[PDB]
Amino acid sequence: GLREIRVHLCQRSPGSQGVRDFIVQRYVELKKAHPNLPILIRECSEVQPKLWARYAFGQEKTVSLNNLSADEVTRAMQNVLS
Amino acid sequence: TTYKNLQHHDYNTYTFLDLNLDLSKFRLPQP
Amino acid sequence: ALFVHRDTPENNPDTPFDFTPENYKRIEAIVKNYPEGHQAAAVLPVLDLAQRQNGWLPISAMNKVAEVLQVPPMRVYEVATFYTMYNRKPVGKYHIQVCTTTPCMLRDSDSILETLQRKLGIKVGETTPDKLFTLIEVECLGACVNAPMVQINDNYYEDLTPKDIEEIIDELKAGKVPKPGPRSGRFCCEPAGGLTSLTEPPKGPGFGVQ
Amino acid sequence: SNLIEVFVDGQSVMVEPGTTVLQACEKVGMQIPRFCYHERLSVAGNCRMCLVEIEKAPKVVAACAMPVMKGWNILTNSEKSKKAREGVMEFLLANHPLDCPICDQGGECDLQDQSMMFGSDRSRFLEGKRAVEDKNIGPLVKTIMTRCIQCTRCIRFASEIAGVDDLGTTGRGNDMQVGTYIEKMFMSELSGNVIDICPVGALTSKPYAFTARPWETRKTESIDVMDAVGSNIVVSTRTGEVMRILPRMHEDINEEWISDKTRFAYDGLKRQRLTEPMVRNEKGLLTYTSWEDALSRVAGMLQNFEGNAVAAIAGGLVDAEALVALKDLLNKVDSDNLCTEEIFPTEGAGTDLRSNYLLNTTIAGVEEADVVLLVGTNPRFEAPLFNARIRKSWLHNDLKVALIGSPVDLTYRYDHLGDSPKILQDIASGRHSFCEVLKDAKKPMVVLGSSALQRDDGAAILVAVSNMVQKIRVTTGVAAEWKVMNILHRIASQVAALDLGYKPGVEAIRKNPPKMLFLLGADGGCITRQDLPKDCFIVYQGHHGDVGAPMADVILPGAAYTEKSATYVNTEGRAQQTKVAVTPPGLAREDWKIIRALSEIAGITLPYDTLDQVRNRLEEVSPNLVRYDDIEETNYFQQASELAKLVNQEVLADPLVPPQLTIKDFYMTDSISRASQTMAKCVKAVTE
Amino acid sequence: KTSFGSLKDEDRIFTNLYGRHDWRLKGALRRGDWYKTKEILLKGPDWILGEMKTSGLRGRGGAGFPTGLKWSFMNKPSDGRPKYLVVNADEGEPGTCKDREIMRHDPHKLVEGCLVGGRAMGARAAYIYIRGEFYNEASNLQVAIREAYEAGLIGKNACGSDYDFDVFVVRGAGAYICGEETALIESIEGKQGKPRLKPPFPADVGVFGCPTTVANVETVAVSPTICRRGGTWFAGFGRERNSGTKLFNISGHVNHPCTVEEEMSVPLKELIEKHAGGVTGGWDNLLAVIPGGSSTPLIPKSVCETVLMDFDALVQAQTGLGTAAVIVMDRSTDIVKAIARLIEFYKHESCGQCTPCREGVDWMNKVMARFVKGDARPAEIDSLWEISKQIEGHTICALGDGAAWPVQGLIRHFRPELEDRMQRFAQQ
Ligand SMILES: Cc1cc2nc3c(=O)[nH]c(=O)nc-3n(C[C@H](O)[C@H](O)[C@H](O)COP(=O)(O)O)c2cc1C
Ligand code: SF4
Ligand code: SF4
Ligand code: SF4
Ligand code: FES
Ligand code: FES
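Residue numbers (the deposited numbering), protein chains in the order written: chain S, 14 to 95; chain s, 30 to 60; chain E, 5 to 214; chain G, 6 to 693; chain F, 9 to 436.
Calculated from the structure, these hints are not laboratory results.
All C-beta atoms in this analysis are idealised placements derived from N, C-alpha and C, irrespective of residue type, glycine included.
Take the hints with a grain of salt, since some may be wrong.
Listed below are the simulated EDC-like cross-link pairs for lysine to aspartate or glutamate, each with C-alpha atoms no more than 20 Å apart in a straight line [what the hints assert, rightly or not]: (1) G:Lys64 to F:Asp409; (2) E:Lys36 to F:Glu197; (3) s:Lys33 to E:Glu118.
Selected chain G positions facing chain E (in silico; Cβ < 10 Å) [what the hints assert, rightly or not]: (4) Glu138; (5) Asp170; (6) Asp171; (7) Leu172; (8) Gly173; (9) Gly176; (10) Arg177; (11) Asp180; (12) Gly184; (13) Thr185; (14) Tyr186; (15) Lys189; (16) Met190; (17) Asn517; (18) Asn653; (19) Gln654.
Simulated restraints on C-beta separations [said to hold, decoys possible]: (20) F:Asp428 to E:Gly129: 27 to 37 Å; (21) E:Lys127 to F:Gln326: 37 to 47 Å; (22) S:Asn92 to G:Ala658: 45 to 55 Å; (23) G:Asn78 to F:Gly290: 48 to 58 Å.
If we strip away everything but chain S, and leave its shape as in the complex, we get:
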């Protein structure tokens, strides 16, 4: 099963606008629907946006969100959650 989601994004870069607006839009409705699942939003300057997902016995799978849009980020989050 899934144990974590870790969303890394840039504080203010063109390639992280989709992720940044995804947080503002859908983050609340996701943390209020999967209350027991951590969703660690960690930002760092000049970082490459990348979603991190850790499953059962310490198996972590990564994707990319650079230059992706809000709906694409939401689709990726839904796919990892399902």
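Given the coordinates of chain S, assemble chains s, E, G and F with the ligands onto it according to the supplied hints.
For chains s, E, G and F with the ligands alone, kept in the frame of chain S given last:
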């Protein structure tokens, strides 16, 4: 012919502070 | 003597001391002489008042002044140690202070000091066993023209001679307080032989106005 | 612009009005001699050593105090200036005692250096020197006042930086004496720094006295872990031993000072120290063994167990590398009960958003704030340098401070809004009088000490504080680039653990008692052997044998913060790394190395073999942990508040009491502090 | 024009200096105080400052700084803060006793001076700082102040001028240093009498952080008479920049020590013979004189036969009319012992704040104590001189100058005596 400043021959130890307290009424409101 | 405090049975942070009610009225009068706030300015007059009430400034007296004026106690310790008219050790009933600076020494203050110490059977800086007299050496006390000169408490006895000093010490020893001022027959600061200046009537209220 | 032109030996330099002659000379490069002047303190002008000659002027000015004027030519190598310096040095040295061999300011003495450079080479003073009497000023500071030069840096520091008003100058003339008129004790959380500011050796440290000379010591640059401030420090080492701890200038954190605990707790590192692997608690008493044996037993137990039956606790002095190593190990075992000793509300957004648990305004923004609300905290005894910054702002940039907690002496005037957690709702709804100040405030702050969060109503407290913060933002109309909500931490590893995702609070451990506990420097005593099953097999992994070590089926000695290169994040989110000063004592090994070796001995092997690979793992987990000395900003506190609103809890009516209510409680907090001897002396002196 | 002295009693400002006329308001009005004060006040501050300037009055305290110029620094447009006029009645200079008489025999002169000077400076109050020793003089001063308050001359609207003025009397304790401007301000503020750094100057930040002007008792007390009788009348006396009448305290070895008032620039011989009777044992039995107070260096009989009591004249003679406290010594005196006592005075009175004076006045005291006995050696006179020059220009306050100058005067005019005493000591 005769010395006039004799009133200080009777001042007690509290004369200064008594005079200051008396002037406290005349003193104008502080800033 | 010393600028560090060591507690003893007397002069202890708990040794009794407090202003009388009339002294509290005087304290209010003193404090109201400075702008709002800025009341720490009264530390000097208030501490002098405490000394006038007691006779010397015990650590309890310093702490009480600091508390009533709302200043850190170190701000009062600094003042008490810095200024020389503040007595941090008990002083005799009459505090004799013989001026010794050059203008008086030239007019023989040494003889006055010698006669005083010989009469009181003490050395400069010591208290009489009766706790009645304390002899110290002080710098200029103003009135350098009436030299040699001494101060007993708040009075000036000046133009002194050995006979005069031992006589005004006899009066204090017994009773009564000798009248202050020069004892040389000249009232004060004037030329001894005779006036050489303001020897004619002063002029009217409007003399010489533009 | 509004800049004036001045000449330093003819070298034109641009300086704004108000710049002093000393600062103009510094801009050019010349370093005028000085004693009494300090950059962080008020100018005094006592020593007169900084006298310099202004061209076509009669007398010499005091460079430290004289404001420069247009067209002035400052001659620094002139005959008049050099003769003034020689005379001033002669006067300084006239009454000085010949104590150089037995003086702790051996090779660090500014009087020595400036006598060699700017003074004369002989003495014509043919009299008897004065001799002041020494005074007892507590167990931490030794007073050899005969060396004092009456510079008054100590007095100024105590009056301004520490706000204690205990030291002063008594008497006058050549008999002037610096100290407490009475037999006071100079006890404060910042008392030690007087030792640094004393230019001569009049004030020195009792624990360090006579031990070594400056030219011998090797100066390493590391970070303090006695609190969440992260005070940059310099560790002085001589032949593989810590000689003393000194401050390191960091304008954004330290500012040259360090707390008394940070300074004087280094003694603990040399006592009650775990120095060898130790096992066999089931057979009776703990007995020494070897790494390959203790790790074999640990690996056997780990292989036997799995799932939530295994759990870990991180507490106090732990490093991000060890935390991530342990997290990866337990995850590979399929466990997630890796907790930390200090609680944090995890009901709202919890640790999902970094803005929910960081001093978002940073330490240095206090000077930019207008109003400060200290909620249920005692800044003086937790984050003493944060309290120092608050006092600096209050003293200089007119600041206002209010406290919603127990009334304690913070060293500055503040409004006591009461010690009830319902005042938060009162302020939020506008029923309290403090809203009047909050109205005209422009740059508010609402600090919330974690000590308050560690109550059983911490969730309610945090929800209330955030809900008040939202209304403060809307009414005050503060920009989006000014963060008001802050949380002040008191544990070094709390922020790093939260970033790595450790579950705050040890609640899941009690919910599902594990069959194998993994204590990693967990001396807080939150979980005892009474909890857990009847044969839990606890594993202690730390440097000191304190509360945790006795309860254990195996001890694995780790390294202290002075012996390992470790990443520590402070309360404001800044990531900093220490440097290896000493080497681990005996068979002790780095904590992340021990974890990785245990992994490899077990079936599960971790994918790092070097510090840099562990750092890359940290980058993968939380990117900000590897950007050193850089404070990444944060966002979505609107989202944090949105999620907090939905939390349904009520603030218990109990008073908001700080755990450290008096100075006596400041000196014992960590394992090192509890094992320190000097801290015990300080505790006894305060209690007396 | 030339040849000064023989001031007529018509022109003496202090007409009760000797105390044989009533000093209370009743006698002060008879002698001419508080006359046309309302007119003087309503003539404005600019007119008063102009009168003081054109009079040429120079600060009667230690250093002589033009009074009009010094008081004009507070005539600047209001900054919204109160302005104060602090009167420096801490007569601490050894040999000086003139302020004592001005305060105990003519307090109303000082009080009206406070009023007019406060109007000129724009001040609202005027704290008088008087020694703690001068208890009876402070008591007389407050009796006079209360008389003024009760007569309406001060308070709500002074003399009907509509100007609000208050006179506060503040007593210090034992401290010669508290006569210094900034030290006096600090003492009033309640802290230790330790001089501040300059700049900022008192006229910019003063007592309680507001503008202030420290003035001598004589300087403030002369002002009402200057205003009434015209600045030109005051300028009539004296040479040029040294204008006015001065109170002289002739003390030491003189037949009739006295406090007298005389024309500025009166010859020293005339001052010592006409009023004080003459140096004990005749003019020939004269060794040296200290024209100023104690901070002024000596002048030997050779230089004092023709010196003129003036700022410029004594500066030319290498001394300075500090406070005009003539101290006379008559040959029989032990000159080095007397100067050693003066240096001991400065050692006792130094505040101790700043290193030059703190650590160098004690050095000079020790060396001078050795010199009095001859224990030192002739090569040490130049060491003492060099120490004096090191101390002179490097102190925060002028007390360092005052401690250095007497030693320089001794080393400059009586070096052979020092060498003779050292030789006699070495002969044992
Ligand atoms: C150590 C020291 C002691 C002093 N005592 C006195 C005094 O009794 N009266 C006085 O007018 N000035 C005294 N002064 C000088 C004052 O600082 C200041 O120059 C004077 O009060 C200004 O008054 P004026 O402008 O009328 O001259 C002293 C200065 C120093 C440095
Ligand atoms: S402070 Fe110490 S090292 Fe420096 S000169 Fe004095 S005794 Fe010598
Ligand atoms: S003890 Fe040290 S810091 Fe304090 S005044 Fe003396 S030399 Fe300066
Ligand atoms: S010169 Fe002497 S009295 Fe004046 S400030 Fe310096 S130490 Fe104090
Ligand atoms: S020298 Fe003695 S009163 Fe002045
Ligand atoms: S450094 Fe300027 S006087 Fe001390």
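Hints versus structure:
Restraint check: the Cα-Cα separation between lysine 64 of chain G and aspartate 409 of chain F comes to about 12 Å, which is no more than 20 Å; the hinted pair holds. For the given pair, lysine 36 of chain E sits about 14 Å from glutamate 197 of chain F by alpha-carbon distance, which is consistent with the 20 Å threshold. At roughly 34 Å between alpha-carbon atoms, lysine 33 of chain s and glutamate 118 of chain E are farther apart than 20 Å, so this suggested pair is violated. For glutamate 138 of chain G, the shortest C-beta to C-beta distance to chain E is roughly 7 Å, which falls under 10 Å, so the interface hint holds.
The interface hint given for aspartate 170 of chain G is met, as the beta carbon of that residue sits about 4 Å from the closest beta carbon of chain E, less than 10 Å. Evaluation of the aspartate 171 of chain G hint against chain E yields a held restraint, the C-beta minimum of about 6 Å falling below 10 Å. With 10 Å as the threshold, the beta carbon of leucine 172 of chain G comes within range of chain E, its nearest partner Cβ sitting at about 7 Å, so the hint holds. Residue-level restraint check for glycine 173 of chain G holds (minimum Cβ-Cβ distance to chain E is 4 Å; threshold 10 Å).
Because the beta carbon of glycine 176 of chain G sits about 4 Å from the nearest beta carbon in chain E, less than 10 Å, this interface hint is met. Annotation: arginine 177 of chain G was flagged as interfacial toward chain E, and the flag holds, the nearest CB pair being 5 Å apart, inside 10 Å. At its closest, the beta carbon of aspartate 180 of chain G sits 6 Å from a beta carbon of chain E; the interface hint therefore holds under the 10 Å criterion. Residue-level restraint check for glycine 184 of chain G holds (minimum Cβ-Cβ distance to chain E is 8 Å; threshold 10 Å).
A distance limit of 10 Å between C-beta atoms decides the matter here; for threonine 185 of chain G the minimum to chain E is near 7 Å, and the interface restraint holds. Because the smallest distance between the Cβ of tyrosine 186 of chain G and any Cβ of chain E comes to about 4 Å, under 10 Å, the interface hint for this residue holds. Among the interface hints, the one on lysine 189 of chain G holds; its C-beta lies about 9 Å from the nearest C-beta in chain E, closer than the 10 Å criterion. Checking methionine 190 of chain G against chain E: minimum C-beta separation of about 14 Å lies over 10 Å; hint violated.
A cut of 10 Å between beta carbons decides the hint on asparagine 517 of chain G: the least distance to chain E is about 56 Å, and the hint is violated. Of the supplied interface hints, the one on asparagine 653 of chain G is violated, with its beta-carbon coming no nearer than about 48 Å to a beta-carbon of chain E, more than 10 Å. Checking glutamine 654 of chain G against chain E: minimum C-beta separation of about 43 Å lies over 10 Å; hint violated. As the Cβ distance of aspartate 428 of chain F to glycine 129 of chain E is approximately 34 Å, the hint placing it in 27 to 37 Å holds.
A hinted range of 37 to 47 Å holds for the C-beta pair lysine 127 of chain E and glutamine 326 of chain F, which are about 41 Å apart. At about 48 Å, the CB distance of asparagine 92 of chain S to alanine 658 of chain G agrees with the hint of 45 to 55 Å. Look at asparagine 78 of chain G against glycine 290 of chain F: about 56 Å separates their beta carbons, and that is inside 48 to 58 Å.
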